[PDB]
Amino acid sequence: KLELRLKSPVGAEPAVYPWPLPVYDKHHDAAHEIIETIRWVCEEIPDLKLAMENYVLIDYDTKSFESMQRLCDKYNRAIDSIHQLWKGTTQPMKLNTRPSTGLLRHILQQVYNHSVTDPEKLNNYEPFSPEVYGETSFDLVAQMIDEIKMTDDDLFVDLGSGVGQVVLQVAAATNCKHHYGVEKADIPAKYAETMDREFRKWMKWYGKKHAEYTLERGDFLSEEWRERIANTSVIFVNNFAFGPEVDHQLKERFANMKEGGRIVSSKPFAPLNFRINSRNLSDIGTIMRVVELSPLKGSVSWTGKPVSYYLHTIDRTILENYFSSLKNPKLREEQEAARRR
């Protein structure tokens, strides 16, 4: 049995790769995962980055066991010496910190590589499919995270969480305390169990912390989920492809959320320029502000168009102000004159 091993920078069990190296899918294989892992550990540890001949990493023969073993042996020797350095006065790498954005992208790729065996069985009806998460949705999610600035008072739910990528990313990147994903379909929920196991393993391998999270199987339209959605502070829902009946039902669930509750989605649930009046009083735009977030630069979905998400914030002052105006005869005449102009 031939194999390649990479030591963990924090003394977790080593990553073991059999030879011949696995192919994970059409653009990802274990040889390049090994090279990228070494690169990302170098970003975590300056002394390792100094010791490695950094531009040579690309010049190894990924088809030669002897070449690849040479690279891994060089990394492993460097890790041993860094662990010795840390037994001295030098301070060890800080533990229990969150991964940088670049490291997190890599970790999520590596989780996906090890977890998802038949990518064809996935229902690629969203703007981007899970196969390209790192180049596309990952950056949309990262931008969203920086915009919404969640705190430890928040509770995050991904409705229709697929193989779990959004939940893993957000749980690794935010001070939010609790993170849930719920997914109805058997195949992605099955893959999500492996993703969960591998993410926890790799995060410990790199010495990085994530917040608490749970990936479940379920129907987000069930009665149990009504109460749960009502008590969620941030919802993510990739509703781009959902039919009118599903979006209608979701709207009814969001109408129970608390003030300041937020929903990020791939298709808006209300017009961006809602103007409340007598005929539209029961519509969801009466209780939320809706804005389009900055799009992802440099990619297009299979529609051929740029992609962006939509942020909805529960805000009942829209409705409060409308009723206060109705009360005042002057303002009521002016509202009727503006609707008719």
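For the two forms, the rigid core is made up of the largest set of C-alpha atoms that agree within 1.5 Å on superposition. Positions refer to the first chain, counted from 1. Residues that one form lacks are left out of the comparison. Compared with the form deposited in another entry:
In a rigid core superposition between these two forms, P127 is the single residue of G160, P127, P99, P188 whose Cα is displaced by 2 Å or more. Core-superposed comparison between these two forms: CA of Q110 displaced by less than 2 Å.
Relative to the superposed core, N238 undergoes a C-alpha shift smaller than 2 Å between these two forms.
The Cα shift for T174 between these two forms, taken after rigid core superposition, is smaller than 2 angstroms. Residue ranges 53 to 55, 57 to 59, 123 to 136, 302 to 306 are the runs of 3 or more whose C-alphas all shift by 2 angstroms or more between these two forms once the rigid core is superposed.
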Contents of the next structure:
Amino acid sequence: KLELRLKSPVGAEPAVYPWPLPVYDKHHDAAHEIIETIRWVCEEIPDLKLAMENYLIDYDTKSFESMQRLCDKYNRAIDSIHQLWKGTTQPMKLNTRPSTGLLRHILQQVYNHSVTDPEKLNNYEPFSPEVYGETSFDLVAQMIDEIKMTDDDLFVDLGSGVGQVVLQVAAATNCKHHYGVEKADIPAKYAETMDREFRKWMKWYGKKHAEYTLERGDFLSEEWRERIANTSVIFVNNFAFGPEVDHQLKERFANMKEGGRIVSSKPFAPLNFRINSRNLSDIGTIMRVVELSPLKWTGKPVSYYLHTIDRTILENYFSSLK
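Form deposited in one PDB entry done; form deposited in another entry now:
What follows is just the one chain, with no partners and no other molecules.
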């Protein structure tokens, strides 16, 4: 039937949209996704922005003719750019990581295409570890900015939901591998589509990401004990996990390497920890804990906390006993 098509700037399969264009939520639709996609491509390729600068128009997101018209202007401009690249003009640099602004758009696009019924993520057992909530792009970006990962680092989102934390980190850092592990059926199911849509859109934009895997599973399992021990950066949105789950996580953290880091929405050790002869076995003895600077109280997880595995604290206490 009626179709809208956007050509890829790097010659991947065109993106196809049905008419009428679908709505995602109260503030997101396919019409606007299309217009923003064109805008971001224009950001990627200055030549394209030029052509699009030359013969802007009153887009009626209501009108098919109008939307087909705008898509045509973009597709024609993409054709001419590809011809330009056949001449002397340098083509778009391949396999670079997306800009922060492009990444935000890509992840929203992937989410809207994969999470078909968002309401279904609220079907959890309340007052349980299953409680769903998403860390915002802005907080994830802060975590990336401040905890600096290198190609030596291994990153894991414990309880990864639909996987959008892991995708953002895979696109912004050069870790060897990123993992997400999610237990609940509904988000784990959506994460499978998120995985596919992300790999497809990233290829469409011609942008690179690191290796990652989104898995279904229980991060408290026997298998996961050793995986946690060998992870250098743990992200865990544990605000609603409870004391029992946190206690079990502490036990698994106590096997992590020196300099390992844990980012969480509820501290695993009090910020003002001081070693004495009664707390000698508390996880607080082997880590520093700092509250990440707030981004400029509600009831929902807002603040996040960085834990760094530092055994010199325990060592020091013993040297002082001598």
